[PDB]
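Participant: Throw the hints in and build the complete structure from the sequences for me.
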Amino acid sequence: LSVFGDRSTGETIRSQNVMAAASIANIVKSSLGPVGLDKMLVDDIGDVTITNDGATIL
Amino acid sequence: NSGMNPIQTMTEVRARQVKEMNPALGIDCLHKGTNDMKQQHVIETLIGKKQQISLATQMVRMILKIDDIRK
Amino acid sequence: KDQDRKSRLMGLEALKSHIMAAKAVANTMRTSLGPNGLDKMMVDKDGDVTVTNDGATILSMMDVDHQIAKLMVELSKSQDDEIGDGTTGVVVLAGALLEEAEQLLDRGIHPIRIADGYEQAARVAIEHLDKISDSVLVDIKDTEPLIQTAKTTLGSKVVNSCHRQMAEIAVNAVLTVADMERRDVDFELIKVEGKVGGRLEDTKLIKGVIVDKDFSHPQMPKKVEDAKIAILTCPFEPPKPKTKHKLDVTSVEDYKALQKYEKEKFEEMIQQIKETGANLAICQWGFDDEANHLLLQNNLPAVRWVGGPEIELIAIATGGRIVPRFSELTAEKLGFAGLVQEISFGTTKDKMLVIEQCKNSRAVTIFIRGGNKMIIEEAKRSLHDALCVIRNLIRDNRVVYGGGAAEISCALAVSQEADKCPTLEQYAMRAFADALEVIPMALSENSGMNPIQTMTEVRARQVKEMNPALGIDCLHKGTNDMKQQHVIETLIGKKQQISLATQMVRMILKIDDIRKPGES
Amino acid sequence: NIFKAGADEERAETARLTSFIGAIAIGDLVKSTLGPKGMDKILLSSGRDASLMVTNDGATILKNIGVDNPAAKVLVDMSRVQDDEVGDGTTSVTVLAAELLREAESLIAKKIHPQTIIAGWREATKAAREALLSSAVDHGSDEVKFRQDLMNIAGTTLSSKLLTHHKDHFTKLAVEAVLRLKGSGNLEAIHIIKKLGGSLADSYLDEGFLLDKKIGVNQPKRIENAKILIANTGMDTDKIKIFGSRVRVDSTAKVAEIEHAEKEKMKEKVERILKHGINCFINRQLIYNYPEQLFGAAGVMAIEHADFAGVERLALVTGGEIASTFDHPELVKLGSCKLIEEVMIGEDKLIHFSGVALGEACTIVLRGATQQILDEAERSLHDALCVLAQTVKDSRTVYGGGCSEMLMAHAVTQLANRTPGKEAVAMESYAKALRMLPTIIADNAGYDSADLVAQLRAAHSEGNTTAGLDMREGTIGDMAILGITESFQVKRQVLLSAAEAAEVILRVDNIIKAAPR
Amino acid sequence: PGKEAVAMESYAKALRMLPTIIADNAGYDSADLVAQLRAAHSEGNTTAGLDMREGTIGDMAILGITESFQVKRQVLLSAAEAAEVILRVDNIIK
Amino acid sequence: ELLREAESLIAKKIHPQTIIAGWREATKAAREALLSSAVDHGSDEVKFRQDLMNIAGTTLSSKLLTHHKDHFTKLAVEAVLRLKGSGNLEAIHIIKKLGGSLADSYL
Amino acid sequence: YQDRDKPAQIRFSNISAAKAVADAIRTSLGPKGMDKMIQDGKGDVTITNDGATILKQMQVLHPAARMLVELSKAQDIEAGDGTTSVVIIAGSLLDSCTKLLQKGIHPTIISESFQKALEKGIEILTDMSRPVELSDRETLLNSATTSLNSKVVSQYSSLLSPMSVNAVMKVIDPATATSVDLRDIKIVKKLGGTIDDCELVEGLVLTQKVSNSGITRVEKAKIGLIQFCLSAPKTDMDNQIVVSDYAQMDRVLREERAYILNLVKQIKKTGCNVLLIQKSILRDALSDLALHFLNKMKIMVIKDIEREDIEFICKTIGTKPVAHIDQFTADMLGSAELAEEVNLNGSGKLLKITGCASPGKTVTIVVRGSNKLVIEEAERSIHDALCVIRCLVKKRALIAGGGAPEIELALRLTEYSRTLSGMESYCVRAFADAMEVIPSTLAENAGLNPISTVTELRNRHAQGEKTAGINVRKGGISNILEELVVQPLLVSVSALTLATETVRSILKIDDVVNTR
Ligand SMILES: Nc1ncnc2c1ncn2[C@@H]1O[C@H](COP(=O)(O)OP(=O)(O)OP(=O)(O)O)[C@@H](O)[C@H]1O
Ligand SMILES: Nc1ncnc2c1ncn2[C@@H]1O[C@H](COP(=O)(O)OP(=O)(O)OP(=O)(O)O)[C@@H](O)[C@H]1O
Ligand SMILES: Nc1ncnc2c1ncn2[C@@H]1O[C@H](COP(=O)(O)OP(=O)(O)OP(=O)(O)O)[C@@H](O)[C@H]1O
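Protein chains in written order, with the deposited numbering: chain F, 5 to 62; chain W, 463 to 533; chain A, 18 to 537; chain G, 10 to 526; chain L, 429 to 522; chain Y, 108 to 214; chain B, 24 to 539.
Hints listed in this document are in silico derivations from the structure and should not be mistaken for laboratory results.
Derived DEER-like restraints, expressed as beta-carbon distance ranges:
1) F:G40 - B:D67: 26 to 36 Å
2) G:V90 - A:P162: 36 to 46 Å
3) W:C491 - L:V517: 17 to 27 Å
4) W:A518 - G:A118: 47 to 57 Å
5) Y:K203 - L:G472: 45 to 55 Å
6) G:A118 - A:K94: 33 to 43 Å
Residues on chain G that point at chain A, a partial pick, calculated with CB under 7 Å:
7) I11
8) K13
9) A16
10) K82
11) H122
12) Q124
13) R516
14) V517
15) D518
16) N519
17) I520
18) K522
19) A523
20) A524
21) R526
Derived DSS-like pairs: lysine-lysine, alpha-carbon spacing no greater than 30 Å straight-line:
22) Y:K119 - L:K441
23) G:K522 - A:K87
24) B:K531 - G:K82
Every residue gets a Cβ at the ideal spot worked out from N, C-alpha and C, and that includes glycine.
Facilitator: Put into structure tokens, the structure is as follows:
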């Protein structure tokens, strides 16, 4: 087959979609609650912002 | 094995057993005149045919029940 | 300068490398020998396809890079005017002479002994050809056996189906431009043109000059019996330059004045043909519509759009001169012709001009026809090969039987005279006898027979049976003795085939070092 | 340092293998399309996607593919020179010359010279041409039986194409145009009209030389004593085929000075036409409305936009001439027509003539959905009208479909009984190649090729020169009873051209390639 | 019939190779002697054969070259039977 | 060559069982042409004796005995014609002795 | 066998390349089917489960696999629905010939046998269908809400359904004519309002503006279409405008005025009152001076017309396009009673033209809506409702949905295989097993067992009728006729004819070659 990309189907795209989605939950796992922990937001310039609010994290 | 088409000979005898006549016809494997091997005196037994389809089926059930060989 | 990147070949291995450069040319053309020769595919540089088996087209198109193979190209510039029939014959003879000389080089003999030994045995083979040659036209002239010998050299190609009427044409063309007692036949006085369409039986012999141009008007008369033809470069009209006139008009006062100024020029130069006495007006450029209306009333035809070399080709045959303008018009430079006619070919709009003298002229042109353009260029070379055989018959009416009959009898005389040579050139004389047998051996190999079985049967025939030589059955005829089959070669064509083959081996064997500087 | 820098040399063992592999690969390229049940091919250009098209015509495949090998290049244009003068048998001249060289390599492996096979094939060609002379039958009378034989050769030509589904309707129109002609085989008397709309079975026919062009704005619908005069001049506006000329425009009055020069120059042109004393005018270029009003008041029909098929065909169906210039009158022959009727077929203005001198002209009006169907149907009727006109000059016909080929294979085999030895094996090579022509036809239809073709050897040996292959049932039947026959001149042309081009390949033992610039 | 015709052509080609190898082992042109004998035996003339001594095609009646019939019947029957066995073989069990 | 030509038949999609049926019918026809070409000798035994040297000359071909093949054909025909018995070759005795050429063989 | 030459490996390469197209699109079938995610080259990710978009976004380069792309494109013009289901039918068909090509069957024998299965397959779908009437307005109304309820828009399925039935009745005479053209029903959408504020205009509605012509209201309008750019005198060749003084600068402005007014005076002689100008980007189609010359002659200015909008005009009023001003005649004019600009609160600035009085029947559906996502899916619900009415005109019959004719086709062709002879017996057996993929796909996409559902449904069709099938709403086998899931016949009967000619064309392709 000659197409304009790469094709992949089956249950392997189901397992890759839940591992990419649950990894985002680990970014907002420890920051939940009033005692949530801060997390470093590294920018492309080089500076970092220390935010613990989960709305500003996502 | 008779040197003919395997599908064209098969699909014309099964059409002969339905359309023009209800009794079954055979396949002229010896390159005889025509079909209907009752006139050609090709006769097999009933117990030799009832056990042909039986022991072939029972050997499939012994194979399909085996799913692991460990040596 | 440039010593680095320079190919060198010296020592004994350079001698065998020059042999291998010549063995590659001979082995390709040993299959295209005789009338049963195999065809050769030629791939052009731009993509055209043309298939032939002629020897002169092989050597001219073979883009070889070796200088030893380039020396094999040099012989074709002088052989086609001399023999015309053995172009494939001298290449296999120069190659098979080096084949046995490759065996002689293993013994350690110097090539200056082989090149002198080949020249020693060539004079024996030349002297043996004069003893076995038979005359045709001694003490008298005749045209009947000259057509029969011309039918054999012409029918070796695909044009054998109409070989009868084309053989009578080349005999009358040579006898018109040249006399048999003068023995000076000019190839430049015989021209060959052709156009597509028709058959090979429609070949006409035009004693004069032909150009592929029509008249200036379709109402012009197609018959000029008077021998007064004016050949000029500027047409009888108001004067126009060579590329673009570009007349500038301003208003109706300039258009009315330039019309009357052109009407005087339309009346003067048209009537300037009658004061001298000319009838046909061959001009380089065409005529206008106002000039073509006046040429019809005064009965003066004219030829339009005559090219560059088409002007000078007419004035040589008719005896005219290139006149630059109307002021230099004299009756002495006017052309002479017996019949000027226009001949069309079916629905084709070529309408070439046929200038005939109706007498014994000195420049005759041949117009061949055919169903394909690749056959017309093949039949032009086919008649050109027939012109050289008749040229060889005039200089010497003695002929020798070809088709392998002259080659085997020459090999018997050289091998008999080789035993009377008590020096190191004896092996070169026996080498010349073995290489002379290769040309009749390659004739039987191309015919589909056994080459060694066909050769040695004639050896028992030319010795035990009869002392006159017998030929090799190449066209699958009834039997041998091709003298009865009327396949006879020329004596000058057979003598110069031996001499040119010895000349090329002498120049190859004497060369022992090549230096080719590359790029830097 | 013999052949370098682009130069390549094919030796005696190399050029013999290159000429055989290159000719077979072209021969095996279009052998699948042979027969009525042939396969199709995918043709597409490299680097482009819009050139994707599927056609199983043998000439359409070979005209599009580029050829690199020179030994196979002389085989491709051999199928092209069969296509223009005949139009049928393009697939047969390729695969028969390829099968002749496919059996020739077995002889060269058996130590046979190629020039020996040439002398054997020339004797086998004359015996195969004599078998068609004995089996040819003519029809001087019984034109209702001659109408059957024209319909059999029409369906054979229309097979393996897009029109093989509705071929029962097209064979009633292509044959009827031939019977109404009844004379010379000139195809300029038959016109092909391509109009959109309708299916293939909705094709109409007109016996009055129907034209596929509309004329004027307000043309007269009926004219008696139509006097035809054709010309080729520009009548629309100025600068006719002149590029680079410019007129200075300074105001709106300078625009009208161009029109005032246009109204004066066109008025001098119509006065050159009406001095001839004519009644109908045909031109290749468009005619403006202002000379159209001069032609309408004078009662002269102005026919506009004539193509090369317009001037060349109307010069002989009306008895006129081309007549490109009309500067001086009374020097041209004029046409003749009785009545000109304007018929609307396909929602277009169509020009119908009636009662013309040499009134054997006809017109098959084809109908299709788009232009790709009509351009294919225009080629579908063009190759059929060539071979139908061939049978008018020579009404000899032979039984096709493997009947004439197996009779040719039997005639060469009888010549192998009275021959020398070295020419016998070469004639047997001609005998096996003629048997392969119904073999690939039977193999393309999926039948048993060893059962159908090899049974024709035993059938045609002891009489019975009528049985052939019937692809409808897949059983050997009589071709004279079923009505399957072909022409004699086309079947003789595919025998001579496939044998002459096969003589070129065996004659060549060395290919010389020059340096490409 | 059809499929039996191609098999009979293979049997005629195998019997034509027996004078071909004899003509090839004797050094003569095997493509000329045997191919002329096929045309000689086609339309009458069922007497001429191969001559190894003179190297041409001669009459076997005046030359005195003949073979026994029971040996020629034995070789033709055994070679067709030996080719009958191996042609039916499609599998080797070792 | 029987298996060499039948090898290309399996390449042409032909079953090997149909080739044997084509060879069994060709075997009866090849024996029929051998029966028409068979020339017997019911009488004229002096011409039949001349044919017996042709059988001895054909069997002794391509051997070492080509130096004196004419002498061995005369001794071969005298052993069977004086026997007039069955095909058992125990009645003839073959002697292996040195000395002498092939032409001096005795019966 | 030897099998030196291999032309069937290209057939196996053509089958396996087309099999990957149908297998990748197989799980997107049905309403409960799985959606597909695409990624563009720039990085855009768009979630869309419609089968006509994924085949446009796949961008195949194989010639054999491209034949399924225009197969879906021909289904959108012929039927307007049923799109992916033709590909899975044609994809499962080439899977069945993979078992047939290994057996030694030539593909041209399968081509004549699949046409015989197509001729028999049409006959099974004819008598099992339910014939209905086109003049009955209750049948076309009730069958359109049932098909639109499974779409994205279902809360407005009771409103857009009578708007689609009443649009085709002014265009097509019910139960007399057979040809239905969807190009004569233009759907105009603009921002503002809801979908409930809709108008059925019997004439035509344009989305452009009459600026800057200050007329905006004309009676007895003779509409004419001009493709020539009415502008300043422009020459594409080399030209020059000579200048002499300040009075010469006002003369070339008067020359631009007098040249356009000479063209405007040619329009007034034929009685034309409304001018239509085609959209042109390469040059100015209308200058500033030509806008004022038509205002003095009370001629309405209309420009910026797409090429597809020109087709809607000539079938409405009978106006023919002209290429230049010298060819402007009186015969190329239309007919109109009134032309004006109506600017509503939600309909926008549109040109409402009523009073056609011309040979031709076109309608216009003006749909309003607040958001941009509202009106685009309203047009997709209309085009899905316009196709089920067009499918009912050419075939006056109805069938059940959920793959219920596909199981009946697999059972009757099996009984037809016992009465045939020759090669055609096994090809119709493979034709019957290739039709069982469509219920097996709907069994897998609904969460049921794919084998146990289609096996129970075959025994329900041997004893009963086509009422048994797969109900995706309740998730199980039920009565499709009682579930009111009814599809037209032209969706399925054209899905068989188009897939059979593609499989016959793919199997007939032997070799692939490249030209230059
Ligand atoms: N009918 C014939 N039978 C036997 N030998 C012949 C016959 N005709 C010509 N020959 C021989 O063939 C030789 C010519 O060979 P070939 O045709 O290859 O050269 P050619 O093509 O004529 O040369 P060129 O290229 O100059 O025309 C002659 O020397 C002649 O002896
Ligand atoms: N109905 C038929 N029955 C038997 N043989 C047929 C039938 N139709 C065609 N043929 C055979 O097919 C051959 C023609 O092959 P094919 O149709 O592939 O090429 P063609 O279309 O004639 O070539 P062209 O495209 O130049 O017309 C003929 O020789 C004819 O014998
Ligand atoms: N409301 C429904 N209830 C049950 N099944 C349905 C319903 N609507 C459609 N189907 C089934 O789903 C299949 C179509 O699924 P899908 O919606 O993916 O494609 P489509 O675009 O509607 O049609 P096509 O695939 O022909 O273009 C049809 O075969 C039909 O049998």
